[PDB]
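A single chain comes next, written as structure tokens; it is the form deposited in one PDB entry.
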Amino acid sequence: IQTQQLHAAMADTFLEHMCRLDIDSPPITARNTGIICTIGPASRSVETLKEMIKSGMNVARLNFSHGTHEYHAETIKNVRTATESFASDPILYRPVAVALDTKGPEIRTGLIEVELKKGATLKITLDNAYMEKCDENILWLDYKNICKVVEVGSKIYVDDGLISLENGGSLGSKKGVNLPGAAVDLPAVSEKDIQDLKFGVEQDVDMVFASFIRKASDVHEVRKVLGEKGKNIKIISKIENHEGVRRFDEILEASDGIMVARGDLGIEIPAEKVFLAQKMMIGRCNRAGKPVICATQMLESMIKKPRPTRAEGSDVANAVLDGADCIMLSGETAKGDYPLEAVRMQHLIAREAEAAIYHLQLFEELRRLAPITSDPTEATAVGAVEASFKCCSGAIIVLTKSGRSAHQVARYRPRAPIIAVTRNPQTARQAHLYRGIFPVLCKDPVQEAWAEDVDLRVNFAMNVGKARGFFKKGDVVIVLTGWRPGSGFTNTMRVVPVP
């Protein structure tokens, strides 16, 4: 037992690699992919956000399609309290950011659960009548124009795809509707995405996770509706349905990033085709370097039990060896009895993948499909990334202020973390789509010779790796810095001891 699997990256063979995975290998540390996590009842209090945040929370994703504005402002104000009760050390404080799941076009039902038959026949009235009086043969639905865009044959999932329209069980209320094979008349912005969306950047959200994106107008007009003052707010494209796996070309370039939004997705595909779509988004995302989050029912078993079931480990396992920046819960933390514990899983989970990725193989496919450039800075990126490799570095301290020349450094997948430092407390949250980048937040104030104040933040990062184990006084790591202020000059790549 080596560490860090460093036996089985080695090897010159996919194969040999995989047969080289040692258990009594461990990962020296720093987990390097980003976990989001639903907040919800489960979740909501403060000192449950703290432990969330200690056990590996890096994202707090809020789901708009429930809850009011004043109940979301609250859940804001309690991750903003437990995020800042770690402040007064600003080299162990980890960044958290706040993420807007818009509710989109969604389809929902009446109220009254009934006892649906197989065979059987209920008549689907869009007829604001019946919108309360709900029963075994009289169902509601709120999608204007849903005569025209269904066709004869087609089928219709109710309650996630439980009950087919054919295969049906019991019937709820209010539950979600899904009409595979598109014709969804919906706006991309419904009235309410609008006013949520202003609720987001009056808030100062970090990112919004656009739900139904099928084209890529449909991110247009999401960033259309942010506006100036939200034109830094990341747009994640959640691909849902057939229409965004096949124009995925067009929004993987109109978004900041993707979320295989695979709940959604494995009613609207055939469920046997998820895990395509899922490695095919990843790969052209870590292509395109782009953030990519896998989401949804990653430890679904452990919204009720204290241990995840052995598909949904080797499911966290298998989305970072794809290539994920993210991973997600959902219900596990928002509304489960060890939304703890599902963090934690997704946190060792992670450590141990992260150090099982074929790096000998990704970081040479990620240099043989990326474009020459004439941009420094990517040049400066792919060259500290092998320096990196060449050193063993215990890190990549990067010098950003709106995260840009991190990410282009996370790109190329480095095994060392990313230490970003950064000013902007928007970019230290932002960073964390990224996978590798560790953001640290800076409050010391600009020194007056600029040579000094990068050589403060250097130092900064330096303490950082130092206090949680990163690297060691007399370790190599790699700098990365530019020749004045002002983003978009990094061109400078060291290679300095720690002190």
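C-alpha atoms forming the largest set that superposes within 1.5 Å between two forms make up the rigid core. Residue numbers count along the first chain shown, from 1. What changes on going to the form deposited in another entry:
- After superposition on the rigid core, the Cα of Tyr93 moves by less than 2 Å between these two forms.
- Here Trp140 counts as shifted, since its C-alpha moves by at least 2 Å between these two forms after the core is aligned.
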Given for the second form:
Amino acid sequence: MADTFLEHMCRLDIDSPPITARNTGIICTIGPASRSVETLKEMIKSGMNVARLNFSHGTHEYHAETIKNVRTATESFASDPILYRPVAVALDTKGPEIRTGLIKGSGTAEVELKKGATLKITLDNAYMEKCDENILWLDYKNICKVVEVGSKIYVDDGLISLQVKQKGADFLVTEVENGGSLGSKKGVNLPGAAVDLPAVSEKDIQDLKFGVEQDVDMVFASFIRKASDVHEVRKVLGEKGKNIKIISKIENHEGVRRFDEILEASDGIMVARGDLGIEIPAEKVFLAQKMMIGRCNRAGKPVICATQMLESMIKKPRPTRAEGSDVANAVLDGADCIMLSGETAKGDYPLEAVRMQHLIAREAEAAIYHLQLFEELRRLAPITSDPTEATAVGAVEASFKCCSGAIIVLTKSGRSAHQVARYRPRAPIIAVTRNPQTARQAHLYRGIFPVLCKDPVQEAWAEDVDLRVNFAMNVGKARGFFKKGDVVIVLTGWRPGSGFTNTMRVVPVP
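Other form of same protein, the form deposited in another entry, not the form deposited in one PDB entry:
Excluded here are partners and other molecules; the one chain stands alone.
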């Protein structure tokens, strides 16, 4: 809108209402607070696009029923194919974690840790359910190999910290620095160590194969360190799960250093700030986020900002001021998807969290300085002569001039719609598809609003197109994206077949 970024900031207006559409994808983690079919229905209406299953906790039976509930709540809306919203299922792997043992005692399963006190760490399975003030167990077998005297051991997602004083053959005497209440099977981080667990562990092969059987849409592979880790996960999914999108989670120092080879192998990225903020200094996480989002935008691949975006909303019904700014800034940085972990999995206000996510994202979109964003994306794009790319850039450029309410894209594999999203247009991308997996996986991309055409293929191609285009027109009028008499962009082929979406059309809305 304005000639400089500084004037663009100065022009930002609280009283200027945002567009009804919301481009940024929302990913909610399912758990105790959101597992029920009636709650899942409300989360879908509130704005959920992808349900994340965290395989660091549940059994296969538990997760199987969580999937069952999600599809019940999803297909609840299928009676009306206009207002039907696809909902993806995502399997977040355990990965090479270090979790502690269980706690001994009555009342509750917790014990205090004084600042300055001693705590012996052990690998002996006799203390596997007898962790307390003095002794502590953890499942990583080679912990004495990778650790030295003075090394930090962070327990329970950063809260508690320990410095190693002495070593044994298989035991470590440590001194407590940050106190607090220890619990059962809390996560442990070893910043400075080189943890040598397998990227695809024995448990993870079972969880992935289960993912293929359950027909999940994507896999959030944890603690990805290098490009070979992504190919290991690709192999385990194999032929049958070839179409399952692999999103590499960057959770550690090694993963940041090797980001380019990891991005090359992966379908997308998750900036998993949780583990990253322990493994790397807290100041710096933003550097890593902005870098990874930046490179993913340039590469044209989905990137997900994740964890602790609305942490206070576990306990409270409204977010903090910092949590408000974090979500907005992640969207302004250019993140395709925002994520909620504990907020929806085990929180007292799951629905309010999903709505805040929707609300902030929706006018972070408005505050994007599109003039500069689009200018720079063209320059930094390679000079390939793929007809689908050139149509996409034409569509996006066309959309900025005739302030379009939408860009409608007929697509089988999603790729035609992905390439439009790559250039970050202001208008939403109504991706029309008969492939239901394509509709679900499209949530990963910023601004793609998938719609599933359940209708049978009409005889003539020319009339089959017009049905899918008019189907999208009806969805756009229904959602408020545009009205009768407005202008929109339409992307179709020349005789059908996945591979050549080469036709842009500026159509008046009927």
